[PDB]
Amino acid sequence: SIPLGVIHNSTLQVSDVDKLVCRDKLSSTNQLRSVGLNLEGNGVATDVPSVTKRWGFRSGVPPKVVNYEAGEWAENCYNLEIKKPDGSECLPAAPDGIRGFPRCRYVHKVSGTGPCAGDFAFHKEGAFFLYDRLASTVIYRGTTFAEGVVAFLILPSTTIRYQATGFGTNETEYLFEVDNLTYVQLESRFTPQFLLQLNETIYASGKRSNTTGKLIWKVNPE
Amino acid sequence: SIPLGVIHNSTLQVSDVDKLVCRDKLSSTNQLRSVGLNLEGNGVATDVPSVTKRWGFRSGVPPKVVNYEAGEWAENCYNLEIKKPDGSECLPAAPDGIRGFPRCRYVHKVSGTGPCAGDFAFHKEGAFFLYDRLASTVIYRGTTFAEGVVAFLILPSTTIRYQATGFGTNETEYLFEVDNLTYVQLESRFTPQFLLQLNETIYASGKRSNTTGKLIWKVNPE
Amino acid sequence: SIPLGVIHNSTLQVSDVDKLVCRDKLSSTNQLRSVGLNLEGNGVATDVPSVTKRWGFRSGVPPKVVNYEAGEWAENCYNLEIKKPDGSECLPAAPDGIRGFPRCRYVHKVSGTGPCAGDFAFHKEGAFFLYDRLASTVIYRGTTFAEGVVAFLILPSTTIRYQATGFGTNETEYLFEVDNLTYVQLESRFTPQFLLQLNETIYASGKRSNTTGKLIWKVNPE
Amino acid sequence: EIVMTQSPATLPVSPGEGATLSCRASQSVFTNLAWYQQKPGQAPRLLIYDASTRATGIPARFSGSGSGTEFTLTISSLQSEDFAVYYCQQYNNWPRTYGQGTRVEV
Amino acid sequence: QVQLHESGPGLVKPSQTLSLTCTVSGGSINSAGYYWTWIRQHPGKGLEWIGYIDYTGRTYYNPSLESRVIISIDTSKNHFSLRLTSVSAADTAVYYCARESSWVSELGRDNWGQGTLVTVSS
Amino acid sequence: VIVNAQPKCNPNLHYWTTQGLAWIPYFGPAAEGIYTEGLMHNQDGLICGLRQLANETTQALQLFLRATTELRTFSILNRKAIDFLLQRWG
Amino acid sequence: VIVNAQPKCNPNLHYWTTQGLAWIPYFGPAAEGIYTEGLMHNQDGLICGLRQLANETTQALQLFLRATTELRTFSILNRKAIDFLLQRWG
Amino acid sequence: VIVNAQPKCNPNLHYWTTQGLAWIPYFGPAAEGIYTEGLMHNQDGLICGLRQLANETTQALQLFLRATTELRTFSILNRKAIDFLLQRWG
Amino acid sequence: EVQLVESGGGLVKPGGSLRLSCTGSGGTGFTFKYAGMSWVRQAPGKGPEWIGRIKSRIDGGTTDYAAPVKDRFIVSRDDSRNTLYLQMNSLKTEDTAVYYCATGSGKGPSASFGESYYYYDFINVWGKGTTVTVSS
Ligand SMILES: *[C@@H]1O[C@H](CO)[C@@H](O[C@@H]2O[C@H](CO)[C@@H](O[C@@H]3O[C@H](CO[C@H]4O[C@H](CO)[C@@H](O)[C@H](O)[C@@H]4O)[C@@H](O)[C@H](O[C@H]4O[C@H](CO)[C@@H](O)[C@H](O)[C@@H]4O)[C@@H]3O)[C@H](O)[C@H]2NC(C)=O)[C@H](O)[C@H]1NC(C)=O
Ligand SMILES: *[C@@H]1O[C@H](CO)[C@@H](O[C@@H]2O[C@H](CO)[C@@H](O[C@@H]3O[C@H](CO[C@H]4O[C@H](CO)[C@@H](O)[C@H](O)[C@@H]4O)[C@@H](O)[C@H](O[C@H]4O[C@H](CO)[C@@H](O)[C@H](O)[C@@H]4O)[C@@H]3O)[C@H](O)[C@H]2NC(C)=O)[C@H](O)[C@H]1NC(C)=O
Ligand SMILES: *[C@@H]1O[C@H](CO)[C@@H](O[C@@H]2O[C@H](CO)[C@@H](O[C@@H]3O[C@H](CO[C@H]4O[C@H](CO)[C@@H](O)[C@H](O)[C@@H]4O)[C@@H](O)[C@H](O[C@H]4O[C@H](CO)[C@@H](O)[C@H](O)[C@@H]4O)[C@@H]3O)[C@H](O)[C@H]2NC(C)=O)[C@H](O)[C@H]1NC(C)=O
Ligand SMILES: *[C@@H]1O[C@H](CO)[C@@H](O[C@@H]2O[C@H](CO)[C@@H](O[C@@H]3O[C@H](CO[C@H]4O[C@H](CO)[C@@H](O)[C@H](O)[C@@H]4O)[C@@H](O)[C@H](O[C@H]4O[C@H](CO)[C@@H](O)[C@H](O)[C@@H]4O)[C@@H]3O)[C@H](O)[C@H]2NC(C)=O)[C@H](O)[C@H]1NC(C)=O
Ligand SMILES: *[C@@H]1O[C@H](CO)[C@@H](O[C@@H]2O[C@H](CO)[C@@H](O[C@@H]3O[C@H](CO[C@H]4O[C@H](CO)[C@@H](O)[C@H](O)[C@@H]4O)[C@@H](O)[C@H](O[C@H]4O[C@H](CO)[C@@H](O)[C@H](O)[C@@H]4O)[C@@H]3O)[C@H](O)[C@H]2NC(C)=O)[C@H](O)[C@H]1NC(C)=O
Ligand SMILES: *[C@@H]1O[C@H](CO)[C@@H](O[C@@H]2O[C@H](CO)[C@@H](O[C@@H]3O[C@H](CO[C@H]4O[C@H](CO)[C@@H](O)[C@H](O)[C@@H]4O)[C@@H](O)[C@H](O[C@H]4O[C@H](CO)[C@@H](O)[C@H](O)[C@@H]4O)[C@@H]3O)[C@H](O)[C@H]2NC(C)=O)[C@H](O)[C@H]1NC(C)=O
Ligand SMILES: *[C@@H]1O[C@H](CO)[C@@H](O[C@@H]2O[C@H](CO)[C@@H](O)[C@H](O)[C@H]2NC(C)=O)[C@H](O)[C@H]1NC(C)=O
Ligand SMILES: *[C@@H]1O[C@H](CO)[C@@H](O[C@@H]2O[C@H](CO)[C@@H](O)[C@H](O)[C@H]2NC(C)=O)[C@H](O)[C@H]1NC(C)=O
Ligand SMILES: *[C@@H]1O[C@H](CO)[C@@H](O[C@@H]2O[C@H](CO)[C@@H](O)[C@H](O)[C@H]2NC(C)=O)[C@H](O)[C@H]1NC(C)=O
Ligand SMILES: *[C@@H]1O[C@H](CO)[C@@H](O)[C@H](O)[C@H]1NC(C)=O
Ligand SMILES: *[C@@H]1O[C@H](CO)[C@@H](O)[C@H](O)[C@H]1NC(C)=O
Ligand SMILES: *[C@@H]1O[C@H](CO)[C@@H](O)[C@H](O)[C@H]1NC(C)=O
Ligand SMILES: *[C@@H]1O[C@H](CO)[C@@H](O)[C@H](O)[C@H]1NC(C)=O
Ligand SMILES: *[C@@H]1O[C@H](CO)[C@@H](O)[C@H](O)[C@H]1NC(C)=O
Ligand SMILES: *[C@@H]1O[C@H](CO)[C@@H](O)[C@H](O)[C@H]1NC(C)=O
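Here the protein sequences come in this chain order: C, B, A, P, M, E, F, D and G. According to the deposited numbering, the first sequence holds residues 32 to 187, 215 to 280 in order. According to the deposited numbering, the second sequence holds residues 32 to 187, 215 to 280 in order. According to the deposited numbering, the third sequence holds residues 32 to 187, 215 to 280 in order. The deposited numbering applies: residue 1 is where the fourth sequence begins, and numbers increase by one. The deposited numbering applies: residue 1 is where the fifth sequence begins, and numbers increase by one. According to the deposited numbering, the sixth sequence holds residues 503 to 521, 528 to 598 in order. According to the deposited numbering, the seventh sequence holds residues 503 to 521, 528 to 598 in order. According to the deposited numbering, the eighth sequence holds residues 503 to 521, 528 to 598 in order. The deposited numbering applies: residue 1 is where the ninth sequence begins, and numbers increase by one.
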């Protein structure tokens, strides 16, 4: 019961199942295409603080995947490495054949800890995590992915690092990592470009920790 | 060369390969169905002592599986955990995607030891072990299954525990477990309901071991 | 874009994609066949010293396989067990379902060490390594294989052991193993039959090591 | 069926001098050609196979070459007992045809 | 290695069936990858190939003699034979037994028997 | 054309199969709950005929599986749809 | 028949896909280099219509996946080709 | 339309393939014994033509495999059957 | 038939280093299809002391060392030049000794087939010994 789009010299139509269109010729299987599109193209927020609120954990439901033949370049991809407070892993290792998404502009790598209630992390809106040419219902550990959806039809990076605490819950906190001992408090009003600009002025000017302590920066509210 | 049944408004026919029937219209792939049926529907004995005599071990032959789309509820499912006398395992762990049969009335869980001559346990009559929606030629360790067969066609629990000794041979013995130290000798004349009735009168009346020894019951022959 | 051969009562033709042949009837899928052929049938050298120069190592490229329905008997199959100088393995273990080629006349088993630059060993001419009924782009550890190619169309052992040093490089050396302490220097001019004849005269006549040292033989140049 | 053609029908050569024989295929025979020496009263003796490999027991004075449709047999210096009928055979088709036999003479 | 020895009646009459049996020794018939074949001498002329039987018992005949030739085999005794029907004087020849191989290394190496002379006359 | 030759037959089938935010894996049911259920009776001999069919198809299926190399076969029915079409429009 | 009801739409697509000795895995490119690339604009409303289509097909796809047992599904489009043919020539 | 351009050709094929209680995996043969065998000769140029075909199909097959993500591909011929039908009855 | 001759000795100051060499012939090459090679030293008035040995490449090409020279001496070979070397670092005057190269080799039985040599886990062939003097 999965719909197919049909591309005409008019517009994009959705193929029926009850109505047979005699002129909708299919000459080969090469005219059928699976396309992975990103959610960012619909205006969903992409900052880390808001993104992680769309994900959550559950048990009793197995993971599954489907393939793509083509897809979009992502401006914002994510890569998670989350551990439980006791040091154990939250996310499963990716299985053979799963590789990261090939075309990301900024990768938001989040490392940290938090409660992990289930077996797997699932998307709450039912969107898929997009891996190289495979969409998945779950997040795999250490693998870069984009969020998105898959269409079927008839045809005729800069790496930004963050630390996280309380990753799997509602009230969580994040830091932007400049150096091993240098961090900036993260806010939802920051864009990837903003963070890169802060990394250049702080690092270049030497406003970094010299002692063994952690230097934590807070952006002026204005 | 696998036959298909064809369901008519007359009866069930077997489709030929040499004779083409022009009126046997197939409108979509959703009219094709894989159905898993249980052997118990043919009157095969289901008590543990007789069931295990239909299974055996062999090496040199790999395991294989096929899927189901639909199937029967089982009255009697089995779950084995059998070890060699040296403490090692006889049965392989189930691989990803294999889950127990979803609809069993009584599960007969058999734990114990015995000689395990081969690599895998195979069905001697060529029947399949039925797992969730996959039939298999072999038994997987710790997974609940039904015995059965698979048809292809065109369409238009209470958990009873047993101990076992000598599991893989011809002369074996079984005990019904009431408690950690309380057992009843098992016989082929006992039905699942019988065993449940014995478990209630023995347990409820306190006729169970109090000391650290094992109390072994023997049913009156009449 | 993979060509199909078509077998006629005339000769073997290659099916087009632009030209439809109305008389090229296909009555069932059982008329389609995948055939694995060996490279030795084209006159490629099969001695170990020359064979290994067609193989090499690379990283960044994943392995992949395809199936066969039928194939040739091989006169010469190979089986590698190669380690790095530090004792670690060069080749991956074969995954479930990969079995050795079923019909080999002589198996050339090569054990030894050498540099292994990549992750996997790949064929340099793009030929496939043929495993039971699966062609692969890579060599699996300990598994017997033939070198070859795969055709698609419409239809209507003695075990010889060698030691190796420097296995993955251009300048390498090999020995033919007669016994644990008895070896013969290997040359490209030796055939499998030659080696068997040397093994019989040396072993039968007792011209083998008696002391704990290795006895290394060198064939008379004539 | 591949017709094999040999030439010359007769090849006189003085003892001590070498000689060559030709064999032509109607369709390519890749390398799949053999040469045999025939003397009265005996089964033909294989000399060369796969268009160039010597059979066990064959003297170094015999040598061959060729591919496709053009094949040859060379005797570097004829000795006694090298005067025989020489036949070519192709084993690439299944009619297993033969040439006519060239008569090497003194 | 494998020795081949032809035997038969020697002299046969026109319109009779000629039967030649080749004994296989130093090997066996179900050897995997070999063809068991027959060749006719035609004295004074070059050779004519007659046909083969496979190690599996399958046969092929030279079309010129297809209607006159039966080749069969018995693996319990290690013999194979040629049955040539409707003989005439034209069939006088030395008949040879030979083995051929499908293996690449041995592809061009034949094993020939001694050869047996058959005369056909009234 | 099916003659049920079994010692006995259960004439009926008790079966299971798999047919707002419910569709989202995160909010939907656990695997034990994704199945539907119901009963069918032996209308016009169909159930006992079906049991006999499954008993006869077993030999063909086991030989098929011996020959193949897939660890798991999900494609038997897709092949059937293709052969159906080739036999009519080849 | 597609009405895009999303808050906003990126009107264009920046896409990637996978289309002498180069063909040999040994000499060819590493996986990061096997992709092609290019841009498409919203010709006649196609891109925003396509984004809405992908948003609507999601429910059907998730229910489908719940029902199946394949760990990885590569066969959705092959099934579509078969149904297409059966509907016209069944 | 096939011109064999190889240095040499083995004109014949020695091949293997996979075609009471014997059908039961428990009583049947071990894997080394499930194969059949026989010989074929170069009837009408077929074997050398076939070797050349396999040599030519190799490039297309390797590029195909580079593009796909299946770890094991068993579906090349099913796709061919589908395209055959679509070209005639599309 | 195998012979190996030591060189590269003489006077070196303590705290320094030197590299000895031993070049031979009569074998089949000393890198592959050959015995590994050891160094042994004998100070005048003392018995022989094992230093260590380099295995042949067919046997892995590693070096097994005697405890007294660990972390100071290195045994290595110039492949296909049939030359054995000993690198002695952190020299002390206690290292004055005659330094010998030694080989587990010699010719084995022949056959109408070909020639043969044996490679041993003990020494048949000793060199002459090069004297190394370590002093202030
Ligand atoms: C296909 O396209 C449609 C249309 O764009 C998308 O529809 C979106 O659906 C999601 C829900 O799946 C909407 O997201 C938010 O849902 C909240 C309700 O859930 C909360 O509470 C339950 C418990 O009761 C929790 O389980 C759950 O996790 C949540 O915590 C609303 O409360 C939200 O509204 C508030 O926040 C937003 C923040 O952006 C504010 O703008 C609102 O004014 C309000 O304060 C919110 O509705 C989402 O909004 C829907 N989009 C639109 C445009 O309406 C489909 O999801 C999409 N499908 C796919 C696969 O992409
Ligand atoms: C915040 O801002 C800082 C300041 O710019 C960024 O720091 C730079 O990060 C990049 C990317 O990691 C570094 O680039 C690469 O560094 C490699 C390691 O070099 C080390 O050793 C050399 C001495 O040998 C030192 O000079 C150097 O500082 C390092 O300590 C180099 O090997 C790389 O060169 C090679 O690879 C590249 C491809 O990757 C090729 O193009 C080159 O030709 C060459 O083959 C390369 O230089 C860069 O050095 C860092 N600079 C400094 C001053 O630290 C942070 O990444 C940024 N953070 C965020 C989130 O934006
Ligand atoms: C499809 O439907 C048919 C018909 O119902 C089923 O046929 C059954 O086939 C099995 C055998 O596969 C029959 O079972 C028993 O076979 C024994 C012979 O094998 C023994 O000896 C060999 C060594 O020689 C061992 O390898 C083997 O493991 C056994 O130990 C017979 O001796 C049995 O008869 C005796 O016991 C029974 C117990 O119930 C008594 O009733 C008998 O009177 C007798 O004392 C027995 O025959 C089975 O009986 C067949 N069924 C029927 C009704 O005849 C197919 O198996 C089924 N296919 C599938 C996949 O389900
Ligand atoms: C032979 O006969 C005996 C006697 O009836 C059976 O024993 C009962 O077995 C059932 C199933 O395992 C037990 O039911 C469950 O026990 C759980 C564990 O409770 C323990 O701790 C409490 C105190 O907190 C004790 O009172 C109790 O006896 C145990 O020691 C409970 O947590 C379960 O309740 C929860 O889950 C169920 C769903 O499973 C929900 O419906 C409940 O609302 C709740 O959320 C539940 O009670 C039962 O307690 C055992 N009874 C006794 C007396 O031992 C044997 O199983 C039977 N054997 C066979 C083969 O038939
Ligand atoms: C389908 O059929 C065709 C025709 O038979 C086959 O074509 C063969 O292709 C291979 C190359 O893929 C040829 O092999 C040799 O290639 C060497 C060049 O590469 C070297 O140098 C590069 C770096 O520049 C290295 O990366 C590489 O690894 C090599 O080291 C040539 O130099 C070779 O020629 C020399 O050696 C040969 C040894 O046999 C001598 O005969 C030559 O005279 C010369 O001294 C050589 O060409 C191979 O020769 C081609 N065959 C033919 C008959 O020409 C396809 O490979 C085949 N496809 C498949 C899948 O089987
Ligand atoms: C170089 O030449 C030598 C000399 O011929 C070959 O050595 C022979 O190798 C074969 C194959 O491995 C050996 O055959 C088998 O040996 C098994 C082990 O037997 C050992 O113990 C017995 C005493 O109980 C000793 O006599 C024997 O020498 C061994 O030490 C036997 O168990 C086998 O028999 C069983 O299995 C076979 C099927 O494999 C059945 O056919 C039998 O009926 C039986 O059930 C079998 O005999 C052979 O023994 C070796 N001979 C010698 C003298 O060592 C080298 O393999 C060869 N190398 C190369 C590369 O060609
Ligand atoms: C995260 O969820 C928890 C519940 O698990 C919220 O905690 C409750 O908050 C309400 C106020 O809205 C209090 O009245 C309850 O007493 C709290 N319960 C507990 C157990 O603490 C928490 O407020 C949520 N946090 C965020 C940021 O949403
Ligand atoms: C289980 O199988 C064994 C054989 O492996 C049977 O043992 C034989 O039984 C016969 C009597 O029928 C005796 O004559 C033999 O001497 C026994 N052999 C051995 C090695 O002990 C055993 O009887 C079978 N048990 C059952 C219950 O069937
Ligand atoms: C194996 O490859 C190496 C290079 O990696 C070759 O070494 C070079 O050989 C040339 C002569 O052709 C010398 O001029 C260079 O100085 C060598 N380079 C190094 C780093 O040693 C080597 O000759 C090749 N061996 C074989 C047998 O082909
Ligand atoms: C951060 O850690 C890395 C090692 O992972 C080290 O190379 C680098 O110098 C460290 N930076 C600081 C400021 O300590
Ligand atoms: C680190 O920098 C601050 C600000 O310039 C300075 O006061 C402090 O003494 C420095 N610490 C060290 C260890 O140099
Ligand atoms: C049986 O063992 C369980 C632990 O696995 C324990 O909780 C229970 O009390 C034991 N029963 C008896 C009679 O010892
Ligand atoms: C267990 O029960 C029996 C029967 O009532 C009794 O004789 C025995 O003394 C009891 N054992 C213990 C330890 O109480
Ligand atoms: C070789 O090693 C095997 C054990 O792997 C031993 O059985 C055999 O006797 C050994 N042969 C020699 C000559 O040492
Ligand atoms: C080994 O054989 C050789 C040649 O016969 C002989 O000289 C040598 O002494 C033998 N070694 C032993 C330990 O018997």
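Take these hints with a grain of salt, some might be off.
[Unchecked claim] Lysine-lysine pairs mimicking PhoX-like chemistry, simulated, CA-CA at most 25 angstroms apart:
id: 1; chain 1: E; residue 1: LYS588; chain 2: C; residue 2: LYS56
id: 2; chain 1: A; residue 1: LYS114; chain 2: G; residue 2: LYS55
id: 3; chain 1: G; residue 1: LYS55; chain 2: A; residue 2: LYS140
id: 4; chain 1: C; residue 1: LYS155; chain 2: F; residue 2: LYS510
id: 5; chain 1: A; residue 1: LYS276; chain 2: G; residue 2: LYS107
id: 6; chain 1: E; residue 1: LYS510; chain 2: B; residue 2: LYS84
id: 7; chain 1: A; residue 1: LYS56; chain 2: C; residue 2: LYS56
id: 8; chain 1: B; residue 1: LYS56; chain 2: C; residue 2: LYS50
id: 9; chain 1: C; residue 1: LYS265; chain 2: C; residue 2: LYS114
id: 10; chain 1: D; residue 1: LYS510; chain 2: A; residue 2: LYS84
id: 11; chain 1: C; residue 1: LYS140; chain 2: C; residue 2: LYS84
id: 12; chain 1: A; residue 1: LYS155; chain 2: A; residue 2: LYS140
id: 13; chain 1: B; residue 1: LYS56; chain 2: E; residue 2: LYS588
id: 14; chain 1: C; residue 1: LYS56; chain 2: F; residue 2: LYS588
id: 15; chain 1: G; residue 1: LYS92; chain 2: G; residue 2: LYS13
Worth flagging that the hints you see were computed from the coordinates, not collected in a lab.
Going down the list of hints, with the structure as the test:
Pair hint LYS588/E plus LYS56/C holds up; C-alpha atoms about 23 angstroms apart against a cutoff of 25 angstroms. This hinted pair checks out: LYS114/A and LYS55/G have alpha carbons roughly 17 angstroms apart, not beyond 25 angstroms. For the suggested pair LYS55/G and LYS140/A, the alpha carbons sit about 24 angstroms apart, so the restraint of at most 25 angstroms is met. Annotation: proposed proximity of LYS155/C to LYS510/F holds, straight-line Cα distance about 20 angstroms (limit 25 angstroms).
Restraint check for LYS276/A and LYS107/G: the C-alpha separation of about 12 angstroms stays at or below 25 angstroms, so the hint holds. Distance check on the hinted pair: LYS510/E and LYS84/B sit about 20 angstroms apart at the alpha-carbon level, within 25 angstroms; holds. Between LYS56/A and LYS56/C the CA atoms are separated by roughly 22 angstroms; this keeps the pair inside 25 angstroms, and the hint holds. Between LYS56/B and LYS50/C the alpha-carbon distance is near 18 angstroms, which keeps this suggested pair within the 25 angstroms criterion.
For the proposed pair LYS265/C and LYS114/C, the alpha carbon gap of about 30 angstroms is over 25 angstroms, so the pair is violated. Straight-line distance between C-alpha atoms of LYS510/D and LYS84/A comes to about 20 angstroms, which keeps the hinted pair within the 25 angstroms bound. Our distance criterion of 25 angstroms between C-alpha atoms is met by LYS140/C and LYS84/C, whose separation comes to about 16 angstroms. The straight-line distance between the Cα atoms of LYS155/A and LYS140/A is roughly 20 angstroms, inside the 25 angstroms bound, and the hint therefore holds.
For the hint linking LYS56/B to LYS588/E, the alpha-carbon distance of about 13 angstroms falls within 25 angstroms, and the restraint holds. About 13 angstroms separates the Cα atoms of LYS56/C and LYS588/F, which keeps this hinted pair within 25 angstroms; it holds. Between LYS92/G and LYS13/G the alpha-carbon distance is near 8 angstroms, which keeps this suggested pair within the 25 angstroms criterion.
Checked against the numbered hints above, the structure breaks only hint 9 and satisfies the rest.
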